[PDB]
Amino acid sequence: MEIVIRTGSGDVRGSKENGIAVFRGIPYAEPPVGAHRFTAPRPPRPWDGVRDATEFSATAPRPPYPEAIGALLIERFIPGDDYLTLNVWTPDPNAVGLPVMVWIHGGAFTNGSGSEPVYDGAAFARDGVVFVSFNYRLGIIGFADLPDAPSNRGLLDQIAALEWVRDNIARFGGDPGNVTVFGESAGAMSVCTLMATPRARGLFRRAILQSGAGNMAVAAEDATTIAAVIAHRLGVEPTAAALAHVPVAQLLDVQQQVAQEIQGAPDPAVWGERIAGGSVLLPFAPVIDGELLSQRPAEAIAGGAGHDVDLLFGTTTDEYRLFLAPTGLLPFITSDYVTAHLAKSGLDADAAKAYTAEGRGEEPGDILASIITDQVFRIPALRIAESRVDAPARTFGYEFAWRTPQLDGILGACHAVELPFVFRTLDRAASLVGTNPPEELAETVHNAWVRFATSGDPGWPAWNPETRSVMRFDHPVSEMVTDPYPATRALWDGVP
């Protein structure tokens, strides 16, 4: 049952699990402890002999998800400091040139891990694909901007993991020249960021963006404000020199309070006018630091970044209901709040009527969820696709429309719902998808992902601005649709 493969830092021992070879917790960077919380990832100290790679490693420090989210998205924490590791599933390390899929987990840049049970790679390996997942630094440690630390450690970690794949995956049966990077939410936003980052050059041939685009980056001046507030609350200076010594529980407490304040209504006396006015979507997203990431990923992609990479992208029909619906408070939202929200984007109150006309909500709270779905997910995804009209590589789109039955159906096809369908891990995701989700749909979705990694074509017509065609996944029927929701789409043509 043991299987020993040579890496770059030494031999690792995995296990053969039913025609599949699995390796868990292969280190790709030295433990980021103390001052090394904030330094660039360092390749692991090489070793003689065989290091065990049969168990998942520690995961990155993270606070709990907010209570309502956390009941639906149940995380598995693994203790320890040696968390910059990756995991490989392959049908046979001696195979020749298999497609390689590298998963970047989501979690708002503060949560998640590569080793969550829902991200199990076995179904990909069974289908002839080498699958890799990994952990990267999160939150303050991963992304808070400090004058004495390289920016965006978590992005550097993702680059280091992808370099590990380039330099080692052939020994696991994979073609380094056929890597599809994929991710969901913050993982998909990370992929877009990597497309806009010169340091990530050549590390992937294809990309799958599940519910994330190029909008999620923190302006350098806002990151400086965020670090200053964090340091003030910790009673230390806003430097890596100071934060290297703060106990991690104290870091996570301040981090979680910052996350809560920015998600709500930030007090201008604490945060300044920009942040109080909503200039930060996620406060630990990658910083536009100027050297690693020179501009917001959306603008880089509009100028050609990633146009050589084949792209499959999509969103769920009801993305933002995950954040607004599960506590039963949607019915209290008022029309005047929706109108004020539309006004922040320069749209008139009657924009709400376009949502209702397209079946995207009759009550104000339902309309608000659809608006924010468009602002955060759907329109940013479409802007990337539109930018690629003349790209040499191919572009395909999907809409994941299957609705989860949890909480009497109130979530619809909410954010994250496609995850266990992609991975064929429905029995591990019942908190989000319920007890009896359709395995046929998991087969359909997962097989399309395998086809895309294999060939760059998921098996349906390419996306273009003429017909704007996407595969609408649902059960019992999945089928192509053209330019869904066109009137609500057109509302956003001139919005900043």
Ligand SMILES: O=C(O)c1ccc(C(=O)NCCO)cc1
Contents of the next structure:
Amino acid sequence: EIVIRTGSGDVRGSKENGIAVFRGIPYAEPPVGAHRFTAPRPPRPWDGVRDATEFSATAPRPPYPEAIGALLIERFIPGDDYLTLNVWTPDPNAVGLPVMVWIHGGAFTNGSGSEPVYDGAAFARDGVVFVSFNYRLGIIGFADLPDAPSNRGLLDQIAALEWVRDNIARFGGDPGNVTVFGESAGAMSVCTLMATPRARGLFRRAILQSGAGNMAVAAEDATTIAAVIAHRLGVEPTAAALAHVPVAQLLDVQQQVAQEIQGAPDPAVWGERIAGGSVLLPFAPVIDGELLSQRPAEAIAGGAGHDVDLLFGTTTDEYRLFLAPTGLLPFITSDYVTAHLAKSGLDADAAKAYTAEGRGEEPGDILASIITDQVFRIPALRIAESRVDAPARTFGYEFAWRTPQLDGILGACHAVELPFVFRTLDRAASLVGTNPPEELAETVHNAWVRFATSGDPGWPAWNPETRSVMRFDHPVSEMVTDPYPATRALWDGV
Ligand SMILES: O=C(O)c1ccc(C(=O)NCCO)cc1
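Now that we've seen the form deposited without the named molecule, could you pull up the form deposited with the named molecule bound?
Time for the whole complex; same chain goes first.
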């Protein structure tokens, strides 16, 4: 047992195998009932010692779709008191350790800070204090309502980072050397936080794994989403009304909304905009004129975050996670790809560029590469291009290792780098297989520690001339210049 006094009361953690670990430290009061929709409230001070040996409840979430869910096996924990954070440090009484703060992904609807694959022990054993946490998700986190502040989930993330600022020195960390990092929705959250004055000084460096500054819900779309949710619940689209809905009913309707938007929305239900594809993620942060007055990429184009060191990257075959496991790909037709390209204003022959660069010969494979570029690769490069004159540094990676799961159909799909970053390969066998290469997890994890420690991951910085990134792969990880250049240029005016 090991007892540490936070700014609001003592907590009891555990010191085993050379590392002190604290689980379930509250940073915000339970968001119950009407407080599903209020700003996060600092926990009520306490006397005595709060037990911090066990992960807390996690935020309410519906199951992943079955195929995805078979690859990403989530660990649910029941309860109401879920706005908590977790700390791993090698020595609470050390001074000046780098701090990493993880923001989990999961399309703003799923995930938790305490998933087994996000274990922080490997970072602590390398001399870094590691923090993870839960934030509000789905309707509760992000649905926009006239009588509630927008983007509670983002308010939660700011509150957790403010706890780290005001408490991490008591766990051995330097609050002036905080690296925030996330994957997918967590990385889009990092770009959103870089973009708002409300979070300046809460971190010195950022790592963006498969997420950029393109994910925001237009206020008029968020209103439509709320109206459909309330109609199916038989209530008014207000916090006053949704405060009383049993959570299982909230989740069931939330699930149907997400399925409908990820497919081909029915204009009769969703209006012309959403049926036309204006919404990529229906519970992404809304443009509120408070935290978001524009898409984060445009704030960053305006100089937001230019003082924060940046490490960014994507996987080679990102979108294959969402298209391949459900057998969708063999049925895709050339005319469908052409029509897809035509919504972005590109001619039919743009698909040949993908074939010429080895990014697909069949329409379905070409489609997956196109959407990989539109949602992940190009948005990441736009942030990097925006930082040409930034005083801080910018480094890039491509995670190219391909998983063998599902008979090789995924490639280097979305989320595949996570257990390599955390050296938790043995907890992600459903995604990476039973014998992934530990040497690569060593390489990737060590570069993350180097970047947290010094602001340099150990390879040349990214610039718009050579567009150099570190290509992570198993036998050999090595630098490459401007990968996939022809397919990149297709999007220049787009
Ligand atoms: O564009 C999408 O459809 C999408 C983007 C990001 C996520 C995510 O943050 N989690 C990874 C697996 O859910 C999910 C879906």
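In this text, the rigid core denotes the largest set of C-alpha atoms whose superposition between the two forms falls within 1.5 Å. Shifts are known only where both forms have a C-alpha. Positions refer to the first chain, counted from 1.
Participant: Identify which of 329, 340, 249, 357 has its C-alpha displaced by 2 Å or more between the two forms once the rigid core is superposed.
Facilitator: Spelled out, the residue whose C-alpha shifts by 2 Å or more is 329.
Participant: So if we fit the rigid core, how much does the CA of residue 17 shift between the two forms, in Å?
Facilitator: Residue shift at the C-alpha: 1.7 Å.
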